[PDB]
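Take these sequences, add in the hints, and give me the full structure.
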Amino acid sequence: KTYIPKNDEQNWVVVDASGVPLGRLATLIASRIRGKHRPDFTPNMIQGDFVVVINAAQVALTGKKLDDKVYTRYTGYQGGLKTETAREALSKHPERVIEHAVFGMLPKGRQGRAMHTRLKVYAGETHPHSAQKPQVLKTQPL
Amino acid sequence: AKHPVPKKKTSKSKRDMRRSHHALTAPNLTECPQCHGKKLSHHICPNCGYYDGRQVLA
Amino acid sequence: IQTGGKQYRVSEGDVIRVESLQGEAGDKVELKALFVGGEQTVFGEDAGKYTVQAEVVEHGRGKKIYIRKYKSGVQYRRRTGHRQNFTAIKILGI
Amino acid sequence: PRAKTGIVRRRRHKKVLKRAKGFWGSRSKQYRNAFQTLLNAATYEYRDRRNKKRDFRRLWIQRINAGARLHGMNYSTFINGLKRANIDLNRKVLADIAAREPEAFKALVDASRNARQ
Amino acid sequence: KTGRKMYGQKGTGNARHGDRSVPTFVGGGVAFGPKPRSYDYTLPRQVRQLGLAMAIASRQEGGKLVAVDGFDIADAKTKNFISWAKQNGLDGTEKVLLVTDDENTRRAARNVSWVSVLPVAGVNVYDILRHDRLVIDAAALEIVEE
Amino acid sequence: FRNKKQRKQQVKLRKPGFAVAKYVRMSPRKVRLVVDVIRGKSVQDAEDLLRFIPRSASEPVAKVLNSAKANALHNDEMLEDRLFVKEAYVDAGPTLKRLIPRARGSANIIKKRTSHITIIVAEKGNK
Amino acid sequence: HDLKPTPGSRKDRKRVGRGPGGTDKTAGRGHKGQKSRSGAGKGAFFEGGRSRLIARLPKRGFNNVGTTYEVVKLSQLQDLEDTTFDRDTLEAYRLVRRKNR
RNA sequence: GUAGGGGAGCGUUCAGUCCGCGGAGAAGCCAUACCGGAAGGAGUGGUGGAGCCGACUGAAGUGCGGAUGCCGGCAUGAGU
RNA sequence: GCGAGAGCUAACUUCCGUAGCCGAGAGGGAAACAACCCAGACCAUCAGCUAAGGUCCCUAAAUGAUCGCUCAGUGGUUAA
RNA sequence: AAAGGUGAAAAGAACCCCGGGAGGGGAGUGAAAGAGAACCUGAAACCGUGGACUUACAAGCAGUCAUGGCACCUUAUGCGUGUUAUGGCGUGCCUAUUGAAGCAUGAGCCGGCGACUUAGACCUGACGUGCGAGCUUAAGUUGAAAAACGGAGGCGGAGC
Numbered sequence: 030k031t032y033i034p035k036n037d038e039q040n041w042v043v044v045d046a047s048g049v050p051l052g053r054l055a056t057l058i059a060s061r062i063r064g065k066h067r068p069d070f071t072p073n074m075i076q077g078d079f080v081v082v083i084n085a086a087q088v089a090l091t092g093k094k095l096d097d098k099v100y101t102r103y104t105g106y107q108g109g110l111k112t113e114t115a116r117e118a119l120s121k122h123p124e125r126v127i128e129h130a131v132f133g134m135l136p137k138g139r140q141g142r143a144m145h146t147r148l149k150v151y152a153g154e155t156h157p158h159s160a161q162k163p164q165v166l167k168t169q170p171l
Numbered sequence: 002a003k004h005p006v007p008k009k010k011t012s013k014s015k016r017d018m019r020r021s022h023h024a025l026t027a028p029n030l031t032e033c034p035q036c037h038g039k040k041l042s043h044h045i046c047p048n049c050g051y052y053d054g055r056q057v058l059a
Numbered sequence: 005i006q007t008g009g010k011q012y013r014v015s016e017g018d019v020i021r022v023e024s025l026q027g028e029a030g031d032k033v034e035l036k037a038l039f040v041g042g043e044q045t046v047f048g049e050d051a052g053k054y055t056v057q058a059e060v061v062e063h064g065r066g067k068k069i070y071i072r073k074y075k076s077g078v079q080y081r082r083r084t085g086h087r088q089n090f091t092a093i094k095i096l097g098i
Numbered sequence: 002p003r004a005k006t007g008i009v010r011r012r013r014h015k016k017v018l019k020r021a022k023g024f025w026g027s028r029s030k031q032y033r034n035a036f037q038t039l040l041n042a043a044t045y046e047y048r049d050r051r052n053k054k055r056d057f058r059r060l061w062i063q064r065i066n067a068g069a070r071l072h073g074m075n076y077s078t079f080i081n082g083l084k085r086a087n088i089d090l091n092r093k094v095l096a097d098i099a100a101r102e103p104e105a106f107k108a109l110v111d112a113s114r115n116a117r118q
Numbered sequence: 053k054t055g056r057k058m059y060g061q062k063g064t065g066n067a068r069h070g071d072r073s074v075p076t077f078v079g080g081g082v083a084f085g086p087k088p089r090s091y092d093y094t095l096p097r098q099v100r101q102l103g104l105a106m107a108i109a110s111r112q113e114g115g116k117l118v119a120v121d122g123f124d125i126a127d128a129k130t131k132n133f134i135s136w137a138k139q140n141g142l143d144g145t146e147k148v149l150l151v152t153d154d155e156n157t158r159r160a161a162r163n164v165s166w167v168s169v170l171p172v173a174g175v176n177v178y179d180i181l182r183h184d185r186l187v188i189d190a191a192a193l194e195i196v197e198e
Numbered sequence: 008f009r010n011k012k013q014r015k016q017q018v019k020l021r022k023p024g025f026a027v028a029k030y031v032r033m034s035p036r037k038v039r040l041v042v043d044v045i046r047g048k049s050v051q052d053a054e055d056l057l058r059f060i061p062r063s064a065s066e067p068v069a070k071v072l073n074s075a076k077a078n079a080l081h082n083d084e085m086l087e088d089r090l091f092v093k094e095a096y097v098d099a100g101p102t103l104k105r106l107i108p109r110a111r112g113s114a115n116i117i118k119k120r121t122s123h124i125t126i127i128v129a130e131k132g133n134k
Numbered sequence: 004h005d006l007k008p009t010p011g012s013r014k015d016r017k018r019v020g021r022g023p024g025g026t027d028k029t030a031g032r033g034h035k036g037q038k039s040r041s042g043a044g045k046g047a048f049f050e051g052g053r054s055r056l057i058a059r060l061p062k063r064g065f066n067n068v069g070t071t072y073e074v075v076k077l078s079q080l081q082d083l084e085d086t087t088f089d090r091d092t093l094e095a096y097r098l099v100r101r102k103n104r
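Protein chains in written order, with the deposited numbering: chain G, 30 to 171; chain Z, 2 to 59; chain O, 5 to 98; chain N, 2 to 118; chain C, 53 to 198; chain P, 8 to 134; chain I, 4 to 104.
For the record, the hints were derived by calculation from the structure and aren't laboratory data.
Each residue gets a CB set at the ideal place from its N, CA and C atoms; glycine is no exception.
Fair warning: there could be bad hints in the mix.
[Stated by the list, open to error] Under the rule of at most 25 Å between Cα atoms (straight-line distance), these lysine-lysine pairs were calculated in the BS3-like manner:
#	chain 1	residue 1	chain 2	residue 2
1	P	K22	P	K70
2	N	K5	O	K68
3	O	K75	I	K38
4	Z	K10	P	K118
5	N	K5	N	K15
6	Z	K9	P	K118
7	N	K22	O	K75
8	P	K104	Z	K10
9	N	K22	Z	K13
10	P	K37	Z	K13
11	G	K35	N	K15
12	N	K5	N	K16
13	N	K107	O	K73
14	N	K30	Z	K9
15	N	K30	Z	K10
16	N	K107	G	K30
[To be verified] Computed far set for chain N versus chain G, every beta-carbon distance over 10 Å:
#	residue
17	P2
18	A21
19	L39
20	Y76
21	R114
Next comes the structure, spelled out in structure tokens:
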């Protein structure tokens, strides 16, 4: 008896990451992606709008962006394949700092993965707006 | 004894997953220029015995 | 819902647990919670104003459903039939 | 006198085999395993009714506030509110009214706020 | 028929067997099988008395019947035995029992479904209750005892 | 209609473009490899492919084909020059268990399998 | 010729206590009779025995089995019965048949 | 709700009895979204080619996944 | 867990007393997890209130309110 | 050791096609012939052909509940049947245990076979029936397409 599905929708929002606390922001992104105020609001499949983040490179942390925030990454058979970098150390690819803090606050299943697909970050600003030809409702954080 | 041995019967499935490569390749028969019967390119036509002329007896 | 419907609608045949009053046409009368008679979005009590009337359509024996249980190691296996009874009624109230 | 088990066992089985369908390999073609698959099956069958009840109600709530927050409230708040108005008592369906009838939901929403602060 | 020792108590590779003549062996013995016996018990006398007595009733309570000699017969014939049967209500639709001595009389009863003969009141709760109509006939066993 | 009993009489039931070699002393598994290339094509081709294919499963698979044909014509009055291989497939006949010595007393049993190669020809055509 | 299983020979019922069904060790799926170890396929742990008080208990008494007299109670004669005669025989049918003693 | 106790039933074969059934087609087999609280039962269709349902009662070599069980068939290992 | 012997006031150590639980206990919690915490499963239901626990996102529910504490990532492995 | 079964009856398949043969396809006999002599029924594991829906960023006790797509609808178009996708939950069975998914035991899969019985005038007890302050036969006897006879003997009846 409960409601069914739709589709012909793909709200194309553009959140700004500037100065905002990565995490907070993240949660937000992770929100809409999966399902915000949701349409049919349903599991089975995703209807959670498409997210575009600009800047990123200017996200924000606090006491540690040198200390503590160490994005680890362990490659091949761990024959000492213990590779880690300070977050500030992610000045080579801020892009991932976000992108790779959100794919966390998102289901980890089959669908879950297919959901990073809709998240789409850009380390810049206006130039980013180029990889942007559809809608662009700028729903900043709070 | 028979030292190494299998840890289970393999699915009739998996046992097939394998075999997806034993499929023969059908010869590339070609039509003789004379007997017009099909021959194997580069060899003598088993039917007429030709190869531009007739080599093998009838 | 928890027996004896409610809400708006347009008058359909729906299945809800037995209604005692057998036979048919037993003009059934239900309170009302919410409803929009003419879009008139009406909420509780202020809704009590209006009401619903339905007519017992038919009584039914639901679709069979075997209730099974099983706890392992301790043997224990329970197969038991079942199927609930219901009363279909035709909506048609104010 | 001799009393076989003829035709009595075949039946017994096919009864089970047959319960098995979209049961992958052996779990559907061979008795023994077929049947065995069907104990855990019990475990699930049962504990699943008592359960889908929890689940669904979870889909209901999730919407009831992804609509509530759609005006400025939140299930939490939006709900104690209707509760405030003993007048309101749907809970069941309420969500649907959130999913299809935006007009209404609006009403109830604000209806609560004015039974709140 | 079977020998007595088999393989190797151990280290043969899965087994542990005695003969090839045992319950769990296609071809062997039948644990708890059936052997000859008698299942014949002596049911107390007084009941074997309240037997046919009680049965006789039932019959009387319904389709009873007697006979005091059957000059009606004459010869084996059977043919005429059927005759009498007729005008005696013995249409030929009922199982009929004719307890009666009279060696010559019985002699006429080689016809099916109808009757089944039965000598010197050597009755039997079965037969009687078995067949439909009872031709107690001979008042012999029927009147006078002890 | 009528009732089974009747039908069985009114009809004789035939197999169009059918032929089967029963009990071919060969593993079904081997033979399928061959039959597998011939399935579905110009019966002309089937003829042609076989003569060349290297597998010894070939001769038989032949003899059955030039009969699923010889019937397609004679007994069925078909039009051979449009006769394609409708269907072919191989099934396993008996199995010739045979016992074979081995290392230190133990023994083994060889399976000399067999096959039923049935092949079915049909008149092609497009419409 | 409608339908009629008929009452009579076949219509004869048992009694409702006359005789209950045997017992085959399988009460539901879940039967594996006996204790659960130290008891099975044999018969000898017994129930009697000679150490379990049987012994340790003193006694030699002494068995004899002298005479055993037939008790013809007083009420047996008085109260009822009109001297249907004692004597040495008539007592039999009076019922006080013991014999041997 | 485990050992264990108590209760009521389902099914197989044989047997006596009742009603019967069958070559325009029995048993067995195969299919199926019906019925019954379960054991289970029914309807319809296919195969089959002759014996067979239901009901009461009696007797049972009477119900199975396990025993490195038993016999037999057929797999995996592997065109190795 | 509480009360003791033992043992290094060592061990998922050992032996008693005592209460609870698992054994014979599913359900929610404790990431996961016999017995810890909440609570004892007659069946059916897209209905409702609660316990222990919880309410940034992965999950259901205030990134709640007010007065404070610490910049350590303490929180998210001990002591003189 | 194992190993049965054409049909009612041989009428057992003349003659023709492919093949060295085996094997098959027609024709014909027959009620029937995938009833044809590797001959009643012919399950299941196991092998295969064709078709329907699916499957080549995926971590899976192999199901289960929910929803959607697709197909079909003889107990069945209004509920379903089959199938599939995505989501949630989800540590095979048995045994032996304090404690099992358990890296603990057993087991390749199917079918058939496979385990609490039978006896003794035996003991004790629950239900029931026949008599009842009394209640019964045993061996045997004679009849039996049936069962009566047969009191020897046994149990109550006084205990210490």
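The hints, checked one at a time:
1. For the hint pairing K22(P) with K70(P), the CA-to-CA distance comes to about 18 Å; that is within 25 Å, so the pair holds.
2. With a CA separation close to 33 Å, the supplied pair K5(N) and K68(O) exceeds the 25 Å bound.
3. Taking the CA atoms of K75(O) and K38(I), the gap is about 23 Å. The hint holds against a cut of 25 Å.
4. For the given pair, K10(Z) sits about 19 Å from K118(P) by alpha-carbon distance, which is consistent with the 25 Å threshold.
5. A distance of roughly 18 Å separates the Cα atoms of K5(N) and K15(N); the hinted pair therefore holds under the 25 Å criterion.
6. Distance check on the hinted pair: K9(Z) and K118(P) sit about 22 Å apart at the alpha-carbon level, within 25 Å; holds.
7. Straight-line distance between C-alpha atoms of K22(N) and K75(O) comes to about 23 Å, which keeps the hinted pair within the 25 Å bound.
8. Using a Cα cut-off of 25 Å, the hinted pair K104(P) and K10(Z) holds, with the two alpha carbons roughly 22 Å apart.
9. Among the hinted pairs, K22(N) with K13(Z) is consistent with the structure: their alpha-carbon atoms are about 17 Å apart, no more than 25 Å.
10. Taking the CA atoms of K37(P) and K13(Z), the gap is near 17 Å; set against the 25 Å cutoff, the hint holds.
11. Proximity of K35(G) to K15(N) is assessed by CA-CA distance (about 43 Å); at most 25 Å being required, the pair is judged violated.
12. As the CA atoms of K5(N) and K16(N) are separated by approximately 19 Å, the hinted pair is consistent with the 25 Å bound.
13. A C-alpha spacing of about 46 Å is found between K107(N) and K73(O), which places the hinted pair above 25 Å, so the restraint is violated.
14. Of the pairs offered as hints, the one joining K30(N) and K9(Z) holds, with about 18 Å between alpha carbons and a cut-off of 25 Å not exceeded.
15. Distance check on the hinted pair: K30(N) and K10(Z) sit about 15 Å apart at the alpha-carbon level, within 25 Å; holds.
16. Only pairs whose Cα atoms come within 25 Å are accepted, and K107(N) paired with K30(G) is accepted, the gap being roughly 22 Å.
17. For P2(N), the requirement that its beta carbon stay farther than 10 Å from each beta carbon of chain G is met, with the minimum near 60 Å.
18. The claim that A21(N) lies off the interface holds: its Cβ sits roughly 26 Å from the closest Cβ of chain G, which is beyond the 10 Å cut-off.
19. Every Cβ of chain G is farther than 10 Å from the Cβ of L39(N); the closest lies at roughly 27 Å, confirming the non-interface assignment.
20. No Cβ of chain G approaches the Cβ of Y76(N) within 10 Å, the least distance being about 12 Å, so the stated non-interface status holds.
21. At roughly 18 Å from the closest C-beta of chain G, the C-beta of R114(N) stays outside 10 Å, upholding its exclusion from the interface.
The structure shown violates the earlier hints numbered 2, 11 and 13.
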